[PDB]
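Below, in structure tokens: the form deposited without the DNA, a single chain.
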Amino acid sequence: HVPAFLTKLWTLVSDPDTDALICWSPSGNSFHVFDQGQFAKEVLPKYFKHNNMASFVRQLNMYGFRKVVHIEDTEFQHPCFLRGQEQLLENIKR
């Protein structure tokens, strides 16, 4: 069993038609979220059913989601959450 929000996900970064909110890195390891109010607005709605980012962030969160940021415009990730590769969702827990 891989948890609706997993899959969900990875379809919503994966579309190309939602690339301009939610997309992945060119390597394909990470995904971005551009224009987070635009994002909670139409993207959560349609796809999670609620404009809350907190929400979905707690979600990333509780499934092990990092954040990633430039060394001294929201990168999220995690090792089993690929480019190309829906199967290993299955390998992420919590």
Given for the second form:
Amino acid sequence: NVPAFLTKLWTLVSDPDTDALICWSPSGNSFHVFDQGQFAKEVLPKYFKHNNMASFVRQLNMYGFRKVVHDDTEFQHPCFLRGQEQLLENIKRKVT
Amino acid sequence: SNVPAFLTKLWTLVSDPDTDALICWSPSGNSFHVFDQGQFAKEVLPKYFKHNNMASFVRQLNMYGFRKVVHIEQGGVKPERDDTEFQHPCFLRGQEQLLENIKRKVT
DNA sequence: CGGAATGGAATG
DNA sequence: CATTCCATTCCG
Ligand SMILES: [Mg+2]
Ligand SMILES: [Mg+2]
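We have the form deposited without the DNA; now please give the form solved in complex with the DNA.
Entire complex below, previous chain first.
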């Protein structure tokens, strides 16, 4: 029972067709968004029902992702990892 | 009109006589005081907002354009009271309709 | 104080 | 569960 957000994110990051704007970091334990504006206008509304970077980022925080602090946005969750989709089962949406 | 909750809450809080020992209008009615930060933060803030941090309250004040009123110290017996004064020109005693003019800065 | 990261909870 | 608004927290 893995939420759509996570399997879509995983597919989106992993897809080579989108790697110019969103791709795995070299060590495969975090991912990069490039050219936010382009990414928000062109990519997000193909996967989700919006075109707002801020809405995407909220979801990331809700699922426990943390920003990696350095137009290049990097995010990270330890059980969100290249080549290991089975680990998405351990990522939980934060309740209250 | 479409006034944010922060501002109507702040206005009501400052104006309420029940809270005047910790937060009240200045005599001229164009600024307000917070006394005893610690007690105010623990006992008052979480009844009106979703936290008990003075810093978080002050952040919202800055986001809506409020400025500190600067108290000048002098020498003395000069005992001081925990007293912070804030101010916005369209935030005034007895005149709630003016809140419409106070706008949040953009993030 | 204020930029920016993260959160609450109402609404979709 | 997702999306939005803007409030709260973190940290320089
Ligand atoms: Mg990709
Ligand atoms: Mg009062």
